[PDB]
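Build out the structure end to end from the sequences listed, making use of the hints.
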Amino acid sequence: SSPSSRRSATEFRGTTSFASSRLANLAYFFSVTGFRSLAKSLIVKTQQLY
Amino acid sequence: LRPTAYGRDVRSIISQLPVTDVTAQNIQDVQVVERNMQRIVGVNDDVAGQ
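Protein sequences appear in the order of chains A and U.
Letter 38 of the first sequence, counting from 1, is numbered 490 in the entry's author numbering, and no numbers are missing.
Letter 6 of the second sequence, counting from 1, is numbered 408 in the entry's author numbering, and no numbers are missing.
One or more of the hints may lead you astray.
What the hints assert, rightly or not - If you only want the chain A side, here are some residues facing chain U, beta carbon under 10 Å, derived:
id : residue
1  : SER453
2  : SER454
3  : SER456
4  : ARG459
5  : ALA461
6  : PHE464
7  : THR467
8  : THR468
9  : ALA476
No lab work stands behind these hints: they were computed from the structure.
Where a beta carbon is used, it is the ideal one built from N, C-alpha and C, also for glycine.
Put into structure tokens, the structure is as follows:
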């Protein structure tokens, strides 16, 4: 649905719902792999060091 | 017609030179470059959106 020929509302929401999906999957990867690591590390230090 | 040309055919004697501007289609090209400019700056950009 990236092709546009006079899109109506459901149609409009539909291609964008779909286009975002490949970007959201990247985010999910980033979140699990590296953001998580950082976050867990910060949590350990705040608890032990302070 | 002058006396020396009294019997000549009128159509033959005078005519207007035909001219055309071949550089008049540069307008389609302007429109492309402008769209490309919106893409680099990102002020009103085609990308992110269908």
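Checked hints:
Hint status for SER453 (chain A) relative to chain U: holds, with the closest Cβ pair at about 7 Å, below 10 Å. A hinted interface residue such as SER454 (chain A) counts as satisfied when its beta carbon comes closer than 10 Å to some beta carbon of chain U; here the least separation is about 5 Å, so the hint holds. Using the Cβ-Cβ criterion of 10 Å, the hint placing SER456 (chain A) at the interface with chain U is satisfied: the shortest such distance is roughly 6 Å. The beta carbon of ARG459 (chain A) comes within 8 Å of a beta carbon in chain U, closer than 10 Å, and the hint placing it at the interface holds.
Taking 10 Å as the C-beta contact cut-off toward chain U, the hint placing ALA461 (chain A) at the interface is violated, the least distance being around 13 Å. Residue-level restraint check for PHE464 (chain A) holds (minimum Cβ-Cβ distance to chain U is 8 Å; threshold 10 Å). A cut of 10 Å between beta carbons decides the hint on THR467 (chain A): the least distance to chain U is about 5 Å, and the hint holds. With a least beta-carbon distance of about 7 Å to chain U, the hint placing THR468 (chain A) at the interface is held under the 10 Å criterion.
Violation of the interface hint for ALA476 (chain A) is found here, the shortest Cβ-Cβ separation to chain U being roughly 14 Å, above the 10 Å cut-off.
When each numbered hint is compared with the structure, violations occur for hints 5 and 9.
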